[PDB]
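S.K.: One-letter residues, chain by chain:
Protein chains: 4
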Amino acid sequence: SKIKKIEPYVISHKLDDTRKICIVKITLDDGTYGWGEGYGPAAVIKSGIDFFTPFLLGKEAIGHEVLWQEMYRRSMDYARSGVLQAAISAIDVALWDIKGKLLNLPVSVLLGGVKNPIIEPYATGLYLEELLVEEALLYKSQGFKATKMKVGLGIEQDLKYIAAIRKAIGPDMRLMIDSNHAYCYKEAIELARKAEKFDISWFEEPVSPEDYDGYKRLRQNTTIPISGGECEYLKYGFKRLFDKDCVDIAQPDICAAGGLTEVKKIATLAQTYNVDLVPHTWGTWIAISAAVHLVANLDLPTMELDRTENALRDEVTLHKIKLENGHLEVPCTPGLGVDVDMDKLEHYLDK
Amino acid sequence: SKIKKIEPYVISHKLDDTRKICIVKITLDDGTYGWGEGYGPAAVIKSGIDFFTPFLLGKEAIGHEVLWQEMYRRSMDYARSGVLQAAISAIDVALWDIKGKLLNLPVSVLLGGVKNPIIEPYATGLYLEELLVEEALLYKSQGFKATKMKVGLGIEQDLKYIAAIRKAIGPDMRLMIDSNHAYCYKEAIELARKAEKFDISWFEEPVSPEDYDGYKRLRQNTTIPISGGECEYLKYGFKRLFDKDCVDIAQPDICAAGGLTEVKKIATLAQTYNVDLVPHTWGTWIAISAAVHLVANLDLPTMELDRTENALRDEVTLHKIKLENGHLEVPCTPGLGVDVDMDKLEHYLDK
Amino acid sequence: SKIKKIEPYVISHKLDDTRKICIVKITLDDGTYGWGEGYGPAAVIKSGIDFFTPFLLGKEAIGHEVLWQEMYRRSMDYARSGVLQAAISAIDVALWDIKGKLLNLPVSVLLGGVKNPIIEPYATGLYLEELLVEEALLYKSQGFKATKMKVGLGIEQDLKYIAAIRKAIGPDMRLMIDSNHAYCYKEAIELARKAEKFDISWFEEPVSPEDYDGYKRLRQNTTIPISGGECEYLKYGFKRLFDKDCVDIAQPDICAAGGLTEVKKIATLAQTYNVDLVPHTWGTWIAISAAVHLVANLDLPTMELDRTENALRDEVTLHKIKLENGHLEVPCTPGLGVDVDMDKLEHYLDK
Amino acid sequence: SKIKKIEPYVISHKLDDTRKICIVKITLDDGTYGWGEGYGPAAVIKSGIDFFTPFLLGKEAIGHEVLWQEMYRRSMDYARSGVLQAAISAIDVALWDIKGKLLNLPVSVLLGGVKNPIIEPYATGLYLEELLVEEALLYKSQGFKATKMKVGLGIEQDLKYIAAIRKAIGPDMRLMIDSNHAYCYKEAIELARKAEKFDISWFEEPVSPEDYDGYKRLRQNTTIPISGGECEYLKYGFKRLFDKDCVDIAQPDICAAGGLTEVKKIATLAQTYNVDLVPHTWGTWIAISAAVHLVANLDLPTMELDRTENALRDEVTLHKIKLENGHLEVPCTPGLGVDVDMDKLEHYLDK
Ligand SMILES: [Mg+2]
Ligand SMILES: [Mg+2]
Ligand SMILES: [Mg+2]
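Chains as they are written, first to last, in the entry's author numbering: chain F, 1 to 16, 27 to 137, 144 to 315, 325 to 376; chain D, 1 to 16, 27 to 137, 144 to 315, 325 to 376; chain G, 1 to 16, 27 to 137, 144 to 315, 325 to 376; chain A, 1 to 16, 27 to 137, 144 to 315, 325 to 376.
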């Protein structure tokens, strides 16, 4: 019932640069382990976990909030945003896998209840040129009901590509654009106003996460819904964002914002402020699982399903979840419903 | 004058628990070195420096802002506050020691000019009971014009001790109280109203750095000036602190908030908002030096002079600065005016 | 070295009225000189310099901020805006030429670092009628990527001319309109809404610099980005402009707003408020140089390149900077990289 | 009746440094002259008048607002505050002396009507130590009902002197304190709270004219009424001061803010905002006269009566006004009721 060993692992591989992820395993005196993930710079997150590890060993895993508050009280002064929050999120997601196992229930049921047993996720596909059209047509064939494309190659370059992908997918499939704060307010509305004709479901991270007044103005000047919050941490950060009427959709990453415990608190806030929540997910199947269980408990929904090459997701992590013809099905298995192939873990670790 | 090797060093020391601070040495192709420091969890900052090190090598040190913006562009999605900011701060302070050396001028002169050639710092002395009175009497005897005491032992316990220290130091010496966000709004005004009679120069971090409305209310309900910002990072963070009329004095830590480059930008903002700036300093002389040079360029001033038991500061780092009868004299030496005893560095290092 | 002699010179020439500009030369004990410029009424600025000259002689030029603060402390009650600010600006730009020379580095590197080694400036061309089309076609042929035209001849007269210039330059070249506060809110949106179809990059000084609510409303009712701040002085003035969400682009004139020192502080503020900065430039190459070095340090960019008939700029001032096919290249020479032909200086002057 | 010659004169005199003030004489084709004054740096104001002089010659003096608007249209881009406003003020006050003479009526009657035929001004007396007490006792003996003292020598030094002057003058005479923005918010309330016991009628310029939030806060934390606006220029400047609920009393200087025309417009605004107006006066009798006529038309009042050593005020300018036992009597003579001794003018002139 008590924590015996927290074990952070930095997993990597280069494809065509490198993908460096930090992954934890918290195991109890009884052998009951739990899998969690942190989002950001792998090796920095890994040291973060090491920082909290002394104050978590021999303490009870069911009262996960008592541990979250200990980690918070310890890092408050040196955290707020960034790295130590990804360290707290990584431990949290594992304590929710433990609890799920421990109380023999999935995480969604343990968060309050499965509100959506089926989810329809969107396919993410970032960038010659005609290859993007093929990647999109693959997703439509793969049953997907929506797809998220990466923009930031230039206002006139993007509008040329957005036109091409919309022509391929037709009008029935949903399409979203993601800048990655690669544009400024003037550059964002120029793209927004011009891309409106292609029925864009939303615009993800259009300006700097620091440009709150820019987000609000963009929302006022375009019909396309405004997404943001990848870079937003804790209940306090998202309150600050919602008080500014910035986004139509809040996108906290479970692995970054403060884990399942805090993204649930952010979900309460989103609700009160009457703002939609679609979490951000860009890691292994441990990361994806936490989102599966969160959107199930959220009140057909969508979630981020990275279709990009990644053997740290497909090979290192083992999911029980089922996806056929754009629809994903929430698992009933205790905890997140994930494991790590310890041979593929050792093969893909870092030096 | 390109960067050839960035070298982060975690140095440990237990007295009566442990004091673990991270430090950097950036050395150019020409063997010009510069010393820097990060504030927060040593081993986490140390990995942070390692994160930016690949994109800093083979780049010119004089154009320090080009490097700051590269580090920012790289961490803007996974930082905003905490750990990666103290990694950016640490590199910055060392690039200012390099520039100082390189152009054969002190940092203050290189920040714009020595406005205050003499500064009068305050003595910090945290916690049987009668020992606190002796530590204070020592500081008054040592020439100090002001002293900062730590509070959070209970409203009635603090008021008992604040009365004792004021009785010892008399009326001529300034005295400040520091909660360390160990109090809530109701607990803070209870102490503030009760401690008003013992002439308190300021109340440092009275409530949570997240409780902006609490700071503002406390400022409205007490005569004692309100200090805060230890836990505030970047120009964007201090703009939101100032927009909410929270503090009378803003206290950014150079080694945490974004280095000398950003604390200077925070100084421009503080100026525009007509709010005083006294930086936070709690490290080695690499950290103290950066503050010496910053308050010199700021427009008799004070700064944080840690007077606690610290061999890591007093032994590993070598300062040139002179202090006699409460007054500190800004050095004219190129750069920060600091060096590291490489034998005491090897002796005090962490495994 | 210390300041031995500040020398203001009012220079003029009538072409087809007169252009009366004031310039300064600050000369050190060691004969190190620095060239500066003030923007506004020459003879009034010239007396301004004379006002500060007594309190600047025998003082050190490297600690330029110590001098800026002396000039400020002296003229704060009788300044805030206008004439004495252009007096402080003129001295500042020359102390930055001195420092550049003194420390053997260009101004941009000395402001923090060259962020943009290449800039693409815009051609200014103010006003029968068919002559304007030829002036524009000349700029397009001269490789310019953008051109700024003067408007204020009447809503229907301007829309007639804007149509003509856009027809000549085609769709690939950028085009901006400048009212010179010659329009009121009702007259401004009438032009804005009608001129949109001609792809206008921005609208410069659309209403009175005093009509902040007019600027905000115009921004809300038109797609064309709103420029302004020519007439704005100091960090306090620009804070006041940004607090009211007036402009998309802030245009401080280095030679008017408070020199390189203050336009840099305005640049920190613009950054915090997430508003673009394109400085205003309308003088000699002393003025153009200061902007070259400022936009280089700012984070392809543009700047104001006056392409009208002016011999005080082309004959009295000597530049090192290179311009070939719309692109300008930041110089590496110590200081601004400018000199004054003292024979042409004596030739163009005032009794 | 057109303007034939505008003549600015810079008059200098050293006592125990120099007092350099600029004065104007506008004379019509018919030999009707009018005397004016500008407040600030004499030689800078003198060049300002020279700037507008070309666009004022051969134009009618009764339609003074047509001239004010011409000067404004010309200066707005390079003025807003300071020097060019004091040039516009100087011309304005002389056009009001002309109009007064021209229509054979005093200025107060020509501003709308004498509301107060008798006004009780205050004696200004800035700074061994015991000499201040004697200067105050002289004023009480001279009949004065109120006196304004200069503060900024240090919080404990001022409280020592304020106590001394109050002891001498007794309880019946009013007493006001003037910082001259020599204090910051923390330093201002320290002085305000401590000086409350000495019945202070008002606190003039307590913080920087730029620290609007400081003024507002000080007003909230002290019982002593807050004065300010010396450094405020135009109707636009005073609207922004009043919008922020800064002052209890607005103090525009006629010779600086925009002359009698603008201080009257500022008076309309002050009225609408329900804020008192006591103008700032620190020049010759040309300046004092303009205030006599303005407070007469304002709706027993007070005004600034400089009682220091001033040979330019008492020798160069000739007044008709009468003062006996603290009460001043508004003159009925056409215009301001002032002349200049042309021999003492030629004597005190500058090179
Ligand atoms: Mg995204
Ligand atoms: Mg502290
Ligand atoms: Mg313009």
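Among the hints, a few may not be true.
Treat identical chains as interchangeable: a pair holds within one or across any two.
[As the list claims (entries may be wrong)] Straight line, CA to CA, 30 Å or less: simulated DSBU-like cross-link-like pairs of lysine-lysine:
1) 210 / 176
2) 347 / 2
3) 369 / 183
4) 69 / 14
5) 161 / 35
FYI, nobody ran anything at the bench for these hints, they're computed from the structure.
S.K.: Each of the hints needs a verdict: does it hold here or not?
M.R.: Now the hints, each set against the structure:
1. Within a single copy, residue 210 and residue 176 get their C-alpha atoms as close as 10 Å, and across copies as close as 26 Å, so both meet the 30 Å cut-off.
2. Only between protomers do residue 347 and residue 2 lie at most 30 Å apart by alpha-carbon distance; the minimum there is 26 Å, versus 32 Å within a single protomer.
3. For the identical chains of this complex, residue 369 and residue 183 are neighbours neither inside a copy (40 Å) nor across copies (64 Å), given an alpha-carbon limit of 30 Å.
4. Taking the shortest Cα distances, residue 69 and residue 14 sit within 30 Å of each other only across copies (25 Å), while inside one copy they are farther apart (38 Å).
5. Proximity of residue 161 to residue 35 under the C-alpha cut-off of 30 Å is found in neither arrangement, the shortest distances being 34 Å within a copy and 45 Å between copies.
Of the hints listed earlier, those the structure fails to meet are numbers 3 and 5, in rising order.
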